[PDB]
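As a starting point, one isolated chain is supplied in structure tokens, in the form deposited in one PDB entry.
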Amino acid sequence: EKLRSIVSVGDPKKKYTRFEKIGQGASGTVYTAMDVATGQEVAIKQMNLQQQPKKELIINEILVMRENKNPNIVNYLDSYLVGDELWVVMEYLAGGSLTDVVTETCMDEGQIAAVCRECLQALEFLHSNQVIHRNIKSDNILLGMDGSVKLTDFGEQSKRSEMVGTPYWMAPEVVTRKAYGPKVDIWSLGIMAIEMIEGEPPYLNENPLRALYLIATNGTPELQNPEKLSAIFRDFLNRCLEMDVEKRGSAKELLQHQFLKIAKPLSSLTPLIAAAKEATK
């Protein structure tokens, strides 16, 4: 009844058309579709709630997401109960992910600065509401066809379990399993800016346990070609990748950094989107 006071009434099978499956997350199945009245493209996650545990957690997470929108977060539109399934409808960003741009183009520092600024705007908002994203990385940055930049995926593994993937975006204080705060996202942003300029995530050729150790002890990964970065970009990276949590910049502080002032207009990202789409098809 809290879900019924959270969802909308109506038939989403009538409001939307052209359903196309993308894939299946842990939550549920994800489709793209189009609003029959406005032509807006949407992404719809269908979740069988009969039954997933911590259902109230999904209800509350969706609750919070509906009341705290922001231009740099993928916009929540509506939810519907469709026969024991819960459908969550989000706006659809058709420009793909930042990962595709990073791997198929070489971004210049003005383009990187523009992405960093848009992400830092999102993080300032999240941190002001005491939200920690924890997975700031390129596959969680979605791009609009106008060059808009938005965060997604801000929604647990045993000591006894082996590590299969490398958590290359995680701050040293996360990796050493300490308590931590919003500035882990700033660290992750620094790592993503290195990814943008090098074209691949750091530690790519490392086993996860070796990378875990390097993160805890070295902190920043060694830039492959540091001579290739401008002084102001290198300074920005140093402020994001400070091992001392107190010294590491906050999002509010870094929004004032001079590196962000070389940002190109966001229209400068749309040729990157075009290249990535040509390259991946």
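Residue numbers count along the first chain shown, from 1. Take the two forms, find the largest set of C-alpha atoms that superpose within 1.5 Å, and that set is the rigid core. What changes on going to the form deposited in another entry:
No residue in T29, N70, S250, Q224 other than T29 shows a CA shift of 2 angstroms or more between the two forms after fitting the rigid core. If you fit the rigid core between the two forms, you'll see the Cα of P265 move by less than 2 angstroms. When the rigid core is held fixed, the Cα atom of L237 travels less than 2 angstroms between the two forms.
Relative to the superposed rigid core, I58 undergoes a CA displacement of at least 2 Å between the two forms.
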The other form holds:
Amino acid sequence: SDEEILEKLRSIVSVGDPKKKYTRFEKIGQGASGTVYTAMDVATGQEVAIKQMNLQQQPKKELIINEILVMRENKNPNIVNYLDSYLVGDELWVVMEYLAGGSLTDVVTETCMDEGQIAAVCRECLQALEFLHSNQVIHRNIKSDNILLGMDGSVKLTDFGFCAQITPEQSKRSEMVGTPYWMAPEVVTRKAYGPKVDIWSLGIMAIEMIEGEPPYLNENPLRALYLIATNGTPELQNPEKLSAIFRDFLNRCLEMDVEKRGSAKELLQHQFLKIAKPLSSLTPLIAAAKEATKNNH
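Same protein, different state: after the form deposited in one PDB entry, show the form deposited in another entry.
Partners and other molecules omitted; one chain follows.
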């Protein structure tokens, strides 16, 4: 049972010493998921992110299994990719690409993004979603916190532990999975749902880019769930500040009718993306976010 799922996790990870391939371990953060380090590939110089986890103390090992399996099977330039993993006794070490630009959350909460920068971020995220959905993977937890940026402005999606794999005989899910403020109404109300819930969450992330927060953030998560179920498509504070094409893009992401809501493939053709600036335009925002997050300290 519980020992069974533990041995199932252990069987998919090679037994070895992470110190033979990686060096320069330096701690950058601690979560309930474990300790996160940066490190360096000793042969190539690649900087990597390594999370250290005590399996004896992980609550939901089945989730770790799913995330590792999904990452191994779905590599893509717009995803924070899995590199390697190691079993060290009762410790699991997971090696991922390292994104030195920080999270999109730091940018949206500390800067003003123009529509060309927002369009660039949206296009990179839609490229990841088109790839994932074409492979029957639904992320279900899209938010700025799970978008990481490279020092060159690259944009990549991370944190797949809430994801779902759909199949022909089970092409929809029904569970209230996600982070409340970003969840689509059909998820909040426990209706059958599919990949377009990620498109809804992307729409909420575009509201983050415009306003600095998802709708209802000042409310408790349960109250926010109630507001999503009862309001449906959220209101912008100042819609008149948006271009006509940006408003149309938002409307298509946040459509209540799932049939009418855009697919990732469809939204990659939207006129709004054609005003996208090059990804280098994001590096001044990264610099501002880093400065701001050292002055809040």
